[PDB]
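Student: These are the residues of each chain, in order.
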Amino acid sequence: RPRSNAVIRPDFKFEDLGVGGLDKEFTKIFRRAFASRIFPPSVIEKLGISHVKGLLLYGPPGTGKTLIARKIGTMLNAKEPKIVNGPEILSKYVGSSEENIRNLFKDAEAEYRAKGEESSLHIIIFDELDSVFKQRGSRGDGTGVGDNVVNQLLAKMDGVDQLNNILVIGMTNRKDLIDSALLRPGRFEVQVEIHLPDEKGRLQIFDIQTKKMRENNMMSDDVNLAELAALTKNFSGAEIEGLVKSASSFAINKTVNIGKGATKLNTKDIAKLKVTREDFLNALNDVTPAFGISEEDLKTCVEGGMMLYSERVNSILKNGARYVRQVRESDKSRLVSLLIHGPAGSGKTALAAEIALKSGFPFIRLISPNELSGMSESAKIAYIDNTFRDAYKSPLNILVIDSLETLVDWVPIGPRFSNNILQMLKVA
Amino acid sequence: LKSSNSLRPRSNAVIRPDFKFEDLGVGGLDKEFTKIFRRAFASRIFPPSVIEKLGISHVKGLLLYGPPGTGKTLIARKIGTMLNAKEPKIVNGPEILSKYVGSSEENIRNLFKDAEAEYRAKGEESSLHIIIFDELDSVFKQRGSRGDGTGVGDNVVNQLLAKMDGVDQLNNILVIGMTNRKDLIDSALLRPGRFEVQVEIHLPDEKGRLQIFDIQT
Amino acid sequence: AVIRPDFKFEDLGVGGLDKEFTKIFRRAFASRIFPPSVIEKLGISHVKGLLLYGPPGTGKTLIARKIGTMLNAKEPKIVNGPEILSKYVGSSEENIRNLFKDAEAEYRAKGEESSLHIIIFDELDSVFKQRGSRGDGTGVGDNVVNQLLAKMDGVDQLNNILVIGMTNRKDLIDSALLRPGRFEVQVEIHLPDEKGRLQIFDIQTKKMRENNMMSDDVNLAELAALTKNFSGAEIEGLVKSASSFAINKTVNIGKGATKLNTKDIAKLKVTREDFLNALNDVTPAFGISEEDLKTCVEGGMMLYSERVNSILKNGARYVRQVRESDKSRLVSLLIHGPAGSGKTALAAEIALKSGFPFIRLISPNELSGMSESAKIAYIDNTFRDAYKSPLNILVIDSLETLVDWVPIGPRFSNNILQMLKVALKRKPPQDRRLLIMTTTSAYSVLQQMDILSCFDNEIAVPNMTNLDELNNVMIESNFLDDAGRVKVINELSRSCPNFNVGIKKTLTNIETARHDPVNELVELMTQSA
Amino acid sequence: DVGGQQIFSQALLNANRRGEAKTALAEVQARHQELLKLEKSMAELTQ
Ligand SMILES: Nc1ncnc2c1ncn2[C@@H]1O[C@H](COP(=O)(O)OP(=O)(O)OP(=O)(O)O)[C@@H](O)[C@H]1O
Ligand SMILES: Nc1ncnc2c1ncn2[C@@H]1O[C@H](COP(=O)(O)OP(=O)(O)OP(=O)(O)O)[C@@H](O)[C@H]1O
Ligand SMILES: Nc1ncnc2c1ncn2[C@@H]1O[C@H](COP(=O)(O)OP(=O)(O)OP(=O)(O)O)[C@@H](O)[C@H]1O
Ligand SMILES: Nc1ncnc2c1ncn2[C@@H]1O[C@H](COP(=O)(O)OP(=O)(O)OP(=O)(O)O)[C@@H](O)[C@H]1O
Ligand SMILES: Nc1ncnc2c1ncn2[C@@H]1O[C@H](COP(=O)(O)OP(=O)(O)O)[C@@H](O)[C@H]1O
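Note that the protein sequences, when read in sequence, are chains D, C, E and K. Numbered as in PDB author numbering, the first sequence ends at 650 without a single skipped number. Numbered as in PDB author numbering, the second sequence ends at 432 without a single skipped number. Under PDB author numbering, read the third sequence as residues 228 to 743, 746 to 758, first letter to last. Numbered as in PDB author numbering, the fourth sequence ends at 212 without a single skipped number.
These are calculated hints, taken from the structure and not from any lab test. There's no promise every hint is true.
As the list claims (entries may be wrong) - Here are the computed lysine-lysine pairs in the DSS-like style, where the Cα-Cα straight-line distance is at most 25 Å:
id : chain 1 : residue 1 : chain 2 : residue 2
1  : C       : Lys301    : D       : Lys314
2  : E       : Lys476    : E       : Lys434
3  : E       : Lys490    : D       : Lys268
Take the sequences, apply the hints, and build the full model.
Tutor: Rendered as structure tokens:
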């Protein structure tokens, strides 16, 4: 039978956690981390293994990497979590910064010495890990405190004495600055990336956010959540909440009339509050994505409108659609490149943008001279490289390059042009 | 007092019912004021019951940006000293930095403690607290950029980020910031949950000039 | 005395590092085996300092932990580096000169009869950094080194102390302590070899095997072969990761409730596929190569004609020649042909078939985005690394692109070209061999640069022209049914008998035609030629 | 370079401060014994 205090409770479902999306990360996490603590101690002792004692969560801002830590800390029938904000360790007096990072493990050692392998899980969560624990060896402050803190943590996570009843959770936005020695197995083994959701994730998040509103008969019967999940294309997890708040503010402002005149707040007006669909559409003009800032530019390039003055236009569009279909359906053809050429002023960029917009791919991006204007050569190379490196994440991707000739600064007098950018593009 | 059966407005309201945009003394900007006073100070006037049945929290950030000499600091001053709340904890631009190894982050930590104490002690009836950051773009710059050779440009930003939205919640504060250049503030400080409402204040229109003239004289 | 009479080192956990153990034993405790009288008769002093260093996670702390119990030593005193420092003035230096009191007392009491006291400093580089760091502040980070140095150099004849210091970065250690009389011997611990890997795997799975918890299917030799660059810690992580899968078939976490099959609990058993999935999960942090070459030949071979076989045989002859002779310590080859014929694949195939210990590939993809100086440093470092192992193969891909050649100037980078020219002729250090294989597609341009004198031999790769080769690639690609494959070739025989295309374009056209009859594949094929 | 370096500063306590049980506040043990003696004698006197 299970243990007397088996941490993860007998009956527990991912549905009651309260986090939408990320239905695979949770599996991986629980399989690798908590699968070995709900098992008869004799068997695990026979297998001769040890429980993992690390966990790292990294990703872009707003994806929900602090909600998970909170819920894990609160829902696991363990001791109270030991939360530490990022730069809360440092202290003035010499030799007190290091002591503050070894006063966190004292109770675990105290219990592990007495009750052996029957102690309860102790959990401590580091917030904003990468602030202090940088790669030791640089010249950061001129005193040398960060290196000592790093050394103390290194010596306490594995060290020469065994603890085997502790767990530490980390969170960060930049995983390339953490000192290498921390990431070795035995310290922060499982590392998980939390990224932006898909359409089903968006639907789940929308369902989670607007739960009490619905069940208290406070939402109209007109709103269709599927339509809303379809309209918000690149919204992350932390902006749907902003959308709900904005819609509620819009619905509330129709009664109080803040500024024009008070006293309109009366039982009749507030006894039938109901957020309609128009409120959400109005709210869509206040909250704007932060990653979906390049689809708008593509949308502004075909502002003049498409007119089918002939039939060749239809043919080329059909060819582009055929190629889109081919790249979508194939398996071994993982890269297809096209060229579009013709006399100046014939409308090439608009046609390409039109093919791009009708694809419906998750990821669409555009590089044009306007973006790179005012930069230095190295900045341009770095920008292009980063944009190309950002296209290897999603399963399907579309990238549009505008006016190749002007990207390399071609002028026929010399001829003069930049060789480095040309070589970069040719390689890429 | 006690809340009777009739759903009557909060006892210690923030904005009160005797308010109109002609009393502030700021002329010109008129739509901006509507936006600001709907997005921020509209969820603190309705009775707590309905706002609790919607499951929404209040906005805890405000950013004002624009050219030099337009009216940002005037708005901040008027908002601070024409409400019913605790006194603002004003901080100038580089007034946080200290000489010792771990005194700057502590200075950023000491601003929130009264709000923490009163929220813990009472709950949803705690009075609103205000702290205003002036010249936000002085210390809070993009992380990992050139400059700040000493390791201070990163610790400060991390502390503020961790203290404005963290593992321990807090919803009785309002932080307001003013600047001339919003292209240098960190990118994680401008997401919903930290400085949601951002407003640009531009040069006045002709009728705006008339309104300002009538206000001054 | 100094080693327990009951000990053989077979029991102790550390495995895969045997030479290092013998070296340590010979150079550290050997002088303390005889009776003392001999040593003074021979005029040899005792060793005082030992230094261990290596990459993160190689087993040094394990050695430190088990040495005390294994070799009948006094309970070693273990102190973590940053624990020395303290607040009040003078406390730290006292703390350092408070560890040696027992040895001094015993020495004074019992002369040369005093036993051996050993103290080991974990994280040595934490406190004893360079003592010229500067900073204009509290000096407690300098007097610490001075105190230790005073008690280690001006020992006043303490000859019964051995300090062991374990670190991960030797460079950060203050240079003053790396000199005769202070940390003389330095032992490096590097990554294990394949046999040490097997030893580690055996040690890790001992208890698992003993209790009949491991299925007989599992084969440790295969696993040792698969783990190319895994250190010990990663092997342990792999073991427990594989065990997690077996655990997660009875206990279904999340899904449903806790359903524990009390009967399958007694039949718990690991198997091979679990280990393969575990290999999937865990990844090494060292890597180097042996993956880029494999992906470079992903499309595979087709043996569509005899030329492929002949070229491969010639490559085999050359690898044999470089393997056997001792006077031929350097061979370079050029592979040139029309664009798109397929060149990198052939070289990668030959290199993989060679099976030498060291293999690597340099391509513009890796170098992309770097500054010129970085590229130069990268190439130099890569060459220097290649000059290490007894046998080495190096492949250079698309030379013309590495030099940034554009025919409008003509513009190109002279520095890189000159470095490559000088490097391609440098014989390796004594008793090492190298085989360089470089591919190109612009033979004439190389002729113009006048670097054609540094290649011993050249190999051409003509593209296919007979329709029979097209039929072979078609049948190998399974494009169409047999009748269609016949019909297309009869039609193409009269549509355009003369043929010059390549290889890559053929596969591309085959796939595009598959996606969208003759009207497409043959149309494209005729259009290209 | 020139004027391209800043610096922080740390602080050590006093040696005279040393421990926390350094009499005049920690010798409240001995003094407490004096005070207990005082209390016992006063108890008798009040009786
Ligand atoms: N599945 C979800 N993913 C993300 N956010 C969610 C989700 N469900 C609800 N939310 C809401 O979005 C917010 C996400 O922000 P959170 O507190 O997790 O910080 P974060 O994304 O880690 O941000 P940062 O990196 O800036 O610290 C939560 O406060 C919550 O209100
Ligand atoms: N088929 C079309 N029918 C009608 N209008 C079109 C069509 N294609 C493009 N346009 C419009 O005409 C203009 C096309 O010029 P655009 O600048 O996009 O192309 P371009 O020739 O690459 O440009 P440039 O003049 O900058 O070299 C745009 O305003 C677009 O809205
Ligand atoms: N809309 C306005 N109505 C009336 N007076 C105004 C207005 N805008 C600015 N002023 C006048 O300008 C003075 C200075 O303006 P303010 O304090 O807002 O500066 P600021 O915009 O913060 O400038 P800076 O960017 O230099 O900090 C105010 O004292 C006020 O007299
Ligand atoms: N003999 C062969 N049999 C079968 N497939 C081959 C053969 N040679 C090359 N290929 C395949 O043809 C494709 C093209 O080969 P590769 O990338 O080496 O071309 P390349 O001519 O060296 O390139 P480039 O024109 O860029 O210099 C690859 O998929 C490769 O596997
Ligand atoms: N022969 C071996 N080589 C390396 N690691 C081993 C060996 N045998 C066991 N291990 C395991 O690997 C880890 C040793 O790593 P350790 O030396 O503590 O890291 P570090 O080198 O940073 O001190 C332990 O978990 C140990 O059980």
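Student: State for each hint whether it applies.
Tutor: Results of checking the hints against the structure:
Note on C/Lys301 and D/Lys314: the hinted pairing is violated, with a Cα-Cα distance of about 32 Å set against a maximum of 25 Å. In summary, the hint linking E/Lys476 to E/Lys434 is supported, as the alpha carbons are separated by about 22 Å, within the 25 Å threshold. At most 25 Å may separate the alpha-carbon atoms for a hinted pair to count; E/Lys490 and D/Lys268 meet this at roughly 17 Å.
Of the numbered hints listed earlier, the single one contradicted by the structure is hint 1.
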